[PDB]
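We begin with a single chain expressed as structure tokens, specifically the form solved without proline.
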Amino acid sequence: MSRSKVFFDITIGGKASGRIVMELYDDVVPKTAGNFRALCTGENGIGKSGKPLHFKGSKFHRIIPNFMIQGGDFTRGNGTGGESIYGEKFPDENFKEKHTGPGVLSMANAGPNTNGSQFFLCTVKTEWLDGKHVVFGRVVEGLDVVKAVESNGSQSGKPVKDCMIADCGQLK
């Protein structure tokens, strides 16, 4: 199909830090892009977990310098939770798009066919993830805000400060 545009308004340690605008690849990975889009708008409401199927208020719980920022765990907030709009986990749709550089938007997973709601924004080219994580979008504005979050990561993945998706939604 077409390409949806979505956003995150970010706070870092409670301070407004700008907006990340993303373009999704609806034409390439419609099922995967659709999940992400609906989790930006919150339009499928409460999920099987009893929590909102919505990125609003969740955090980037895992941030590794010179790698990527990862979020989407709005049920456990620690990497162990999350849920797609489809009901818990769904299969890898395709591997058409590759990890080419900073700004790349890709799904976190725990092995083949385990996509949920967790995702990462790459801060480098992560070509070693090609064929293992499904790429479904890219940042088109606010890459500076991605760098600001990145500066709060650690090798250990633990953030030094709460990096929060304070608002989010669909644009066009």
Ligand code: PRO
Contents of the next structure:
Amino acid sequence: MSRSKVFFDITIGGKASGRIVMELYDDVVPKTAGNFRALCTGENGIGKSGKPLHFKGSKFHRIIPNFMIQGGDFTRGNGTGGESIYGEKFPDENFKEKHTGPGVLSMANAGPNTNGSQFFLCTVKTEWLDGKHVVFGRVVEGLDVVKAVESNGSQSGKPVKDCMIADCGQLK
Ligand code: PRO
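Same protein, the form deposited with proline bound this time rather than the form solved without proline?
Now the full complex is given, and it begins with the chain already shown.
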């Protein structure tokens, strides 16, 4: 069983900013990887929310310099929403992988066992999140695109302009 590869094509203020390619750890956290993979392809259609279970057209709603970029709220666009393919929330699968540096892909949450569709891409090592957020992949191409998004964040977390997942999907 091979690791999944998925991508985001990003726009910033409407402008094409390049592609982020991510490898998922299907071998370590199959359920969590599987959720994200299906959210990139959109293959499970319309969610309980009545909105597509799909990152396409969603934004990075929370961006903090020297920390991480966060998105996946395709129901409310503000961090209050999101939906996993399994339903509103699913448990923390395991904490085997750690937040070891820039490019780590990990699940956002509201406390233990509240995984939905929100995720973050780290721009630094964030070891204080180890054991609290489930790490399920890594950037393998486009870290510069992550940095471009990061430059539009604020300490407050509010973006200075819309950083959108203009397209997404699974590769190979
Ligand atoms: O949004 C935040 O600040 C925390 C840290 C990353 C995921 N949740």
